[PDB]
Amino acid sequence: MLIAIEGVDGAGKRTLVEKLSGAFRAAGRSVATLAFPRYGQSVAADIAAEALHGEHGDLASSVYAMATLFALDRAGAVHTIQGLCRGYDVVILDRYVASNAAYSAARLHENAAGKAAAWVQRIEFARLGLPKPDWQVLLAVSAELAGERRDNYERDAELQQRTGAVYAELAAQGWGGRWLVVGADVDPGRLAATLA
């Protein structure tokens, strides 16, 4: 089973990955985790990270350019993902393909049913071969709470809010597959039971 944990910056994804992993383990299942972007493991990820901090000229000014970089980072992880899927009962990803759909659409002021979100699906799942997640878990957070709890994306308050809005719609519309929306207080045991 492949599970992707999604959310805006400051959502608390790392902590949820930890709790959920612990719940599946207590339930008698092996669990492996992987986080994106894979900083320090792929040039694409590192260049994207640098671009978000002002490096590489006009690269970050392009929505599709940035999305392509994150997608190429994931492309180089296909072999790893397939390996984990063959060796573990549950593979939990901290950010996956939906991240690209949400942030790209938000930057273009588009919605979940927009062009960028559709493009992400056509490119990553079909052309790059990224496995579709069985479940995409959105750790939803309001803009106010997020704004409460420094690259180009992090500093852009408007972008974060719009990205949260796109995510909420990607989840409701079942983009890429089935979604579940949870809070940072979700009970690990019940969530794991629901995602079993």
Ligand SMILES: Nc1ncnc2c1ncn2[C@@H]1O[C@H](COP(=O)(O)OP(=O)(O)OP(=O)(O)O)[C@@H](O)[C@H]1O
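Shifts are known only where both forms have a C-alpha. Residue numbers count along the first chain shown, from 1. Take the two forms, superpose them, and find the largest set of C-alpha atoms that agree within 1.5 Å; that set is the rigid core. Compared with the form deposited with the ligand bound:
After superposition on the rigid core, residues whose Cα atoms move by 2 Å or more in a run of at least three fall only at 144-149 between these two forms.
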Second form
2 protein chains.
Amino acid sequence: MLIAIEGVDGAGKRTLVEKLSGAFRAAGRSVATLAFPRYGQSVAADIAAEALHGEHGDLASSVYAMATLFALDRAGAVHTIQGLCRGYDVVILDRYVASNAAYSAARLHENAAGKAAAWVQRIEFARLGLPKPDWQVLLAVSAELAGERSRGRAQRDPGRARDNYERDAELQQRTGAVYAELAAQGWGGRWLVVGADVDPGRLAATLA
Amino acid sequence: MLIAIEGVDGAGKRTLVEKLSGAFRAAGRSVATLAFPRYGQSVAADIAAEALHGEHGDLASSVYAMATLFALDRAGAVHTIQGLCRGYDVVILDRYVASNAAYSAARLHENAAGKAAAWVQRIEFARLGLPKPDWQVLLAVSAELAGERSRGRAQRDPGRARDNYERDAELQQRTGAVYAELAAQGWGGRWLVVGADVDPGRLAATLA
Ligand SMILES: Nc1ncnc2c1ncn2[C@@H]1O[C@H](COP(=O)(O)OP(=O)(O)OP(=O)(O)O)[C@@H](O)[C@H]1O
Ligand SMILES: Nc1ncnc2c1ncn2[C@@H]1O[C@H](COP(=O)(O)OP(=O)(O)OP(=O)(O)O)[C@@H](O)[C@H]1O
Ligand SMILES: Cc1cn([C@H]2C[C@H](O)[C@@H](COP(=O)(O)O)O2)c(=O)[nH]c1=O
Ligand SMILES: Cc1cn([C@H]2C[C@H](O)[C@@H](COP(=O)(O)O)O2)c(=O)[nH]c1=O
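Now show me the form deposited with the ligand bound; what you just gave was the form solved without the ligand.
To see the whole picture, the full complex is given below, headed by that same chain.
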């Protein structure tokens, strides 16, 4: 089973992955986790991050260029994902294809039924062959709280200055809204919308 | 030995590669040829071409985004290039790293000593590890003649409509000028500037 944890930056995704992993292992399931972007491992991922921090000229100014880099990173992980699904009972991804749909649509002020979301569908799932997840869990949080976390993280870690998207409060707001639409639409597969207070044990039971 | 044939679109590069290959083989050297972009083989290359034909939203509007796609295509060919150099006496490339420097600088109205050219140097040769060619042959041609060839090709082949750059006559002009500067500068290695009338036998002798 392939599960993707989605949400805006600062939503608490990494923490949910950790808690969920423990819940699954408690239930006797083998668990593997993979996070996107695959920084260090993927040049596309690194260039994208660098672009979001002021490098590489006009690269970040293009919505589709950024989406393409994140898609190329995932395309290079297809073998990894297939291998993990063959080796473990549960594979949990911290961010996946839906991240591209949410942020891309938001940057263009489009909704989940828009052009960008459809483009991501055609490119990543169909053309690049990324498998559709069995579950996509939206960790919904208020834009204000998520933002406060992204800022706090930058104040405590010098190698963690916020990226261009995180410095755009309205973009974060719109991204959260597109995520809610994607979930209601069942974009790319079935979704579950949860909060930071969700019970790992029950969530794992629902997913397994 | 690694030789790259450079020049604007419609300059006559493919023809020179063919004639040069024959000249080298006549001299008893084994020859291999590789062309960039690696259409079909590289997703980055295909997406880039598609973007230059009106697809993928605002992707082509970013100079660095386009340069990145062409660089990622080449990065995926490093193994191929090293293998060819180990297996043949001469390896001839139809377009290489300099193509990115020339077109990128031109789109930004910069010269060979500019930011874009330097960025290409840092990314492709240093960061991505692409080997610097032993020779870079600039097939210089008048912008008018090159353009007439690109147009004529589109009139005869339906699957060959001109790309966005080819539809920009001034851009082609500026690209030719940046190429001349790159050659005079010895950018990325030594260059040779030749015309369509160059003698394959002598050119091959010079390169070998
Ligand atoms: N970014 C990553 N996050 C988590 N696990 C990863 C990541 N990249 C690779 N792995 C895991 O580490 C082990 C793999 O890597 P290696 O990188 O050694 O694989 P390969 O030798 O390229 O094998 P394969 O094609 O199966 O991935 C695999 O079992 C894979 O599931
Ligand atoms: N786009 C290309 N143009 C010309 N020759 C190519 C191209 N792609 C691969 N080749 C050549 O075709 C043969 C290779 O390909 P294959 O694609 O079968 O290689 P591999 O099995 O991936 O081997 P290697 O790592 O050596 O490339 C090689 O000898 C290589 O030099
Ligand atoms: C994985 C992914 C991240 N992003 C965004 C989220 C951030 O603003 C940034 C990097 O992600 P990260 O904060 O999870 O490391 O890029 C996308 O736009 N598309 C994607 O596919
Ligand atoms: C290989 C390469 C081509 N190009 C340009 C030349 C064209 O306008 C187009 C495709 O190249 P092509 O006409 O040789 O198939 O992109 C670059 O800008 N950078 C590159 O690295």
